[PDB]
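Just one chain is shown here, as structure tokens, and it is the form deposited without the DNA.
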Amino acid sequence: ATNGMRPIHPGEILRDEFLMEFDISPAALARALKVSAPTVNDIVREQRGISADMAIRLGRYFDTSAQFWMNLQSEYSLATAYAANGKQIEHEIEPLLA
């Protein structure tokens, strides 16, 4: 059986481990981060990724590193990219032997 990647959107972790944990609505989070409510709404709906600026805001608000959020984002972006082009990439790139 071959390896695979299944995507987990960062907004799912935001919803489950932060918004639901502290009983914060997405709109209340947007007001606290000083961003537009659709900005947070898009993320929790899994319709937008975490930008660097947003990662710094979330880290500041929730006492995390900004990299925590960017690492969740990179995993999601890698999973979607892998499911789309990963098999072809592995088919056409011969690993370096040196």
Given for the second form:
Number of protein chains: 2
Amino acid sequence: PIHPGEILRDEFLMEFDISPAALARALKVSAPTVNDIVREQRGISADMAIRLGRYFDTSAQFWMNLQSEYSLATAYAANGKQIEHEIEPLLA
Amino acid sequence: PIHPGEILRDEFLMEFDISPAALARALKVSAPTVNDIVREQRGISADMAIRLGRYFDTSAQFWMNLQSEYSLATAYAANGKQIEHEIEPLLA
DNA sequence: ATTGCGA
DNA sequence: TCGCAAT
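So that was the form deposited without the DNA. Now I'd like the form deposited with the DNA bound, please.
Now the complete complex, all chains and molecules, led by this one.
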């Protein structure tokens, strides 16, 4: 599962030689907001998805999808088996 | 923009004649968790997406995508214009 | 209790 | 590291 911050850092920040601090100024958010994303310690909010799409000329939903897929896989790795053990599917 | 609780309510609960309280029991979550979703006052978490997919024999990512699309449109409706005013796209 | 956010 | 606000 790929944290969206890895794409942000590798596909955009490094590609265009833009620092997290420089990006935060262009996005009108605080430096720790971008830095925490790039360190893969914060997920991408809906607000951040719009800002990143707008600044980098990408789909906003592209960022939403990276996050939701990562969130789903991370939740599943943590609790998938327990959920499957306690919930019997309606087909039965 | 459709809150995922509307789909849950109309496509599943009413379709199978299952109450929010009965659904919460099958999902092993508290009744306000399901009720707040159906009243469109709470979004779908990654955990709930897994439980709903498991119980109703659907994709988990189906519920994740309903939520992410709703979250993005709601954020855009609130703040899209402000963001676009304050962020100049990197092109130029 | 956890997450996103700014200071 | 910390408090504030939303979830």
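Residue numbers count along the first chain shown, from 1. Superpose the two forms; the largest set of C-alphas matching within 1.5 Å is the rigid core.
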task: Just grab the Cα shift of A32 between the two forms for me, core aligned, in angstrom.
output: 0.6
